[PDB]
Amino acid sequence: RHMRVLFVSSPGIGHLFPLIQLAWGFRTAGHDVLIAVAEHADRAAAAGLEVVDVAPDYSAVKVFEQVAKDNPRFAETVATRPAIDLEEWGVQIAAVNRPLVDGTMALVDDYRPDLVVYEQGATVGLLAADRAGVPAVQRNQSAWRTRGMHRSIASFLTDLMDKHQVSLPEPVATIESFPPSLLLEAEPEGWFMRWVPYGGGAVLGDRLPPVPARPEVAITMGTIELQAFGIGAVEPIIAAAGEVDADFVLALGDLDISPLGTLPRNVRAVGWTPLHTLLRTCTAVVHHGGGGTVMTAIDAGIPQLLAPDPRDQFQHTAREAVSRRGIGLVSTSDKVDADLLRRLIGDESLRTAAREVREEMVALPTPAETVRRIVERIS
C-alpha cells in the first residue's frame, strides 16, 4: 500500500507548480514523494518537498535559442503560428526534454518508484515510468489536447530511448487542468480536478493585509515569456495603466524590473509573491495567458485580460474559451490601451461570468479526492 511516487516536471515554474497539490496529496496520504525537475529545483524545495535536479545548469532560454538557430525553417514557418497541435512542435519540446533524460533514468533506477506522476510537457516522465515498469499519471496544462504529442516528441529522442531500453507507454489516468466549461467542445481526456492555487509560501507580515479602499488590478506575465522575449511587452500595458483611474500592482516575479524605470504613480511593483495571495485583494488581472494564471484568476473570481507579447506562441489555448465564456478579454500586449483596461474593470458581465466559472471549478474533485482515485485505479 505504501508507495514511492516520483513527480516529473519540465524545467518551467508553470510546468512544476501544477504538480504540487498532488505531491502534497500523496505525502499526506503517507507515501514517499520525490520531485525530478531542472532549473527550478530550489522552488520545488520551497514547497517543503525533496527534489533531485536531473539536469544541473539547465537554462530553458538557452535551449529555445539553440532550437531556433538549429531549425530555421521551423522557426520561419510553424513557429510563426500559435502552438495548438503540439504534435507539430515535437522538435521544440523534445529539445527541452532531452537534457533531463539521463539524470531522470538514473534517478528511476536509484529511487525505484511505484508510480510516476508527470506534467503534460514532460515526455521524459513517460519514459521514466517505462524504465521503472510502473503506471504513469498525466497532469494536463491549459487546454492542450495530447493526441500524438508524445509520439512526436519521442521521435526526436529515439537514440536515448534505445540506450535506456525504453518504449513510450500510455498513462493510466489523465487529470485535466481547466473546468469543463473552458474546454468548449473539445473532448475531455480524463478526470476533472479542482484548481487549488500554489505559488509558494509567504510571511504576510504581522497582520492579514486588508482589501484596499480603491480597486487594484494586477499585471503579471508568468515566469517564462519576458525571460524569453524580453521585458518590452509589459511597457505598453504599463503605459495604458498610467492613464486609467485605478491602482495597479506589477507582479513580474524574480524578473529584474530596473529596465522599466519609474512606473506611473498609480502602479506599484512587488517581487515574487504567491499569485493567489496577491489576487485576494485585486479586482481584475492583466496577464499573458498562462494556464496557471488563468486558473488562479478564476479561483479569485475576477475578470482577466490576456495580452501576451504578440510573438509568443504558447499562450493560445485559453483564449477562445475566455472569450466565448465571457470571463475576460483577449488581445496582445502591443494593442492594450486605456479603453481596453477600462472595459476590463467596468464590464459587469465579465465579473458575473468569472464568478459562475469559479462556482463550477470549486465544486470539482479536490487534489485529496484525486489521490484516492489514482490509488484505486492502480490497485
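Positions refer to the first chain, counted from 1. Rigid core (definition): largest C-alpha set, two forms, superposition within 1.5 Å. First, how it differs from the form deposited in another entry.
Only one candidate in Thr220, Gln120, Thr104, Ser142 has its Cα displaced by 2 Å or more between these two forms after core superposition: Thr220. Relative to the superposed rigid core, the position of the CA of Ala202 differs between these two forms by less than 2 Å.
Core-superposed comparison between these two forms: CA of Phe248 displaced by 2 Å or more. Once both forms are fitted on their rigid core, the CA atom of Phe229 lies 2 Å or more apart between these two forms.
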Given for the second form:
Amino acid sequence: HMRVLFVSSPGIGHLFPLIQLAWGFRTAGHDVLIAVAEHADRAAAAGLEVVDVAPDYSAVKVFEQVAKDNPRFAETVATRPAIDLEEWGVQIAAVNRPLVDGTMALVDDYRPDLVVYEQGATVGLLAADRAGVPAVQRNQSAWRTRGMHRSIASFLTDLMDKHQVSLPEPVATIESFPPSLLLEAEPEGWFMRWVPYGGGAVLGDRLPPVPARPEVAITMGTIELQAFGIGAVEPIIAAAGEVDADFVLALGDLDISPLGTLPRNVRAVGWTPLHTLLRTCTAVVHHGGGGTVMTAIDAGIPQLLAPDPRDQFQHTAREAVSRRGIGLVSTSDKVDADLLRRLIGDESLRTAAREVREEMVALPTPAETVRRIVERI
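Follow the form deposited in one PDB entry with the form deposited in another entry, if you could.
Just this one chain is shown here; partners and other molecules are left out.
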C-alpha cells in the first residue's frame, strides 16, 4: 500500500493525461495526491485531492527568469517552433522554478512512496530524489526527452543546493502515442492505451442525439482559444460552407455571435467532452494537441491538424500525423475547401486511422499499467 504523488507543471495538455493513472492507483487502493500550480479546481473536478504548490505562479515572472538567464532566448529559440525540448531548457526551468519550494515542502509532509510526473516537470524528478523514491514519467505527445532534464536542472542549481537534491532518472516513461507514431524510443519506454479524459459532464436529460448526417467536428481548446482568439476560425468556417458535409463547431461554451452569421451547414454545439462529441463524427479539424490526436485516434476517424501559424509547439504532432498517414497537416490560415474535401474523401486516411486505433487498443490499459508499475518497484 502506497502514497503516490502526481506532479504536473503549468502548460497546455500537462494535467489531463495524468488522471487515468491517478484513478488507476486509487482504485488499486493506494493514496493519491496531485501537485499542480494552475487549474487546481480542474484536478479536484476529477474527484482527486490537490495541493497547489505555487499559489504565486506568474507567467510574467517566468519570462523575467528567462530574460535573466538567457537574454537572447526570446529573439532566437523562441521565434521558431520547438523541435527539441532540451533547447527550451532555460524556459522549462523557469516554469519549474516557482514550484520547487512548495513541492519540496509537500514531499516532506506527504512522504510519497512514488512520484509520477508529466514530462515538462523536472520538479517531479527532484521531488522523487528528496523522498529517495522511484519516479515514473508521463509523455503527452511525440516529444523525445533526451537530455532535457539535465539542461533544465543546470538552470536550477541554486535551488538544488538549497534542498540538497540531485537529478535522478525515471524508472519508466509512459508514452501517449503508439509505436508506429514514434520513430525514436524513450529509455524504458512503456506504451499505454489512451483513454480520453476531458473532464466530467452533465450531458442533459438524454445522450446527444445522433445527427441527420454524420458530422465533421471543428474544435478548439478553451485555453488555445484565449491566446489566438476567434480570428483563426473564420477562414475555417468559410472553407466549411463550401463543402459537401455537415460540420459541427465545438468552441467550448464561448459566445459564438462575434463570428458572424454561420454557414448553413455548420452548426454550433455546447460543450461536451471531446470523446463524447466524436462518437457521432466522421472526421475532426483541430489545433493539434497530442491529447486530441489520440482522442481522434480513439474515435477511429481521420483528422486535420490546423494550428494557428503562431503556435510554436505543434511540430512533433504534425510529423507523426503526416508520416503515418492518419491525417492531414496545415495551418489555420491555409485551410481551404479542397483540403477539407480531401479529409472526408481520401480513404487512405480512414484506413490508417482505423489501423492505428487497432494498434492502440491492443496496448496495456491504465489499470494494467498501474499493475506493471507496482511490479517494477
